[PDB]
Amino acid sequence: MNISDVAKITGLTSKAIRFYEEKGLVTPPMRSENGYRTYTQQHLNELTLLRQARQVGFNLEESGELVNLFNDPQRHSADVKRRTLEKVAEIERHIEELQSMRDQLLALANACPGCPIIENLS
């Protein structure tokens, strides 16, 4: 496949695909007799993984490590699990933060008719 198809299939922008290549986070694409990029199911898997890991909160470095673990035939599922539970703790904190912001906005909204909001924000 060419980069365009890989994009449509993975839900990543060509920009992003080329980016992960520049960072060395995914297996480089192959070059054809013409000098253009072609990918295989293997590249599709690595990129899919990378996309979903970013979606669930993993940053770049971590996402790359997951690709490494993915390509490691002798990976320890325990290592992946520890990383996943750590990531869960972070998501929990992130949730607590957003909840704290939501309560403050709701308080401001409560004290308002149809302006405490603006007055207290400045």
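For clarity, a rigid core is taken as the largest C-alpha set superposing within 1.5 Å between two forms. Residue numbers count along the first chain shown, from 1. What changes on going to the form deposited in another entry:
- With the core superposed, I9 shows a C-alpha displacement below 2 Å between the two forms.
- The Cα position of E97 differs by 2 Å or more between the two forms after fitting on the rigid core.
- Two rigid parts account for the change between the two forms, and C-alpha superpositions put the rotation of the smaller relative to the larger at 15 degrees.
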The other form holds:
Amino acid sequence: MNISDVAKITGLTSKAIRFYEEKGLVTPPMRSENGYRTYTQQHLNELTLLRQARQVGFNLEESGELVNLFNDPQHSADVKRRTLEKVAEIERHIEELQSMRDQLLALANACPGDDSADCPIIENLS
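Please supply the coordinates for the form deposited in another entry, as a counterpart to the form deposited in one PDB entry shown previously.
There are no partners or other molecules in what follows, just the one chain.
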């Protein structure tokens, strides 16, 4: 498979794919007779893991580490640890959003909601 095939299959652009290689986040593909990158199923799995990990919350570095763990013959407990930590991270984010949502709704309920200039929302946000 050439880089265009991988882009189509993974949904990643060829630039993003070259980027992942450039940052050593994935295994470097070998070169064909004419010098073009040749990809294997392993590359597809690494790029998929990278794309999906990101989509579910892991950042670049974290995603790169998951790829590292993936290629390792040997870490169920470890990956679980990383995953549960991601969950805790997301829950704190959910908690913060919920808090801001409730603060806005408390202010909104206090708002005259009319043509008067008096506004608790603006006054308490500034």
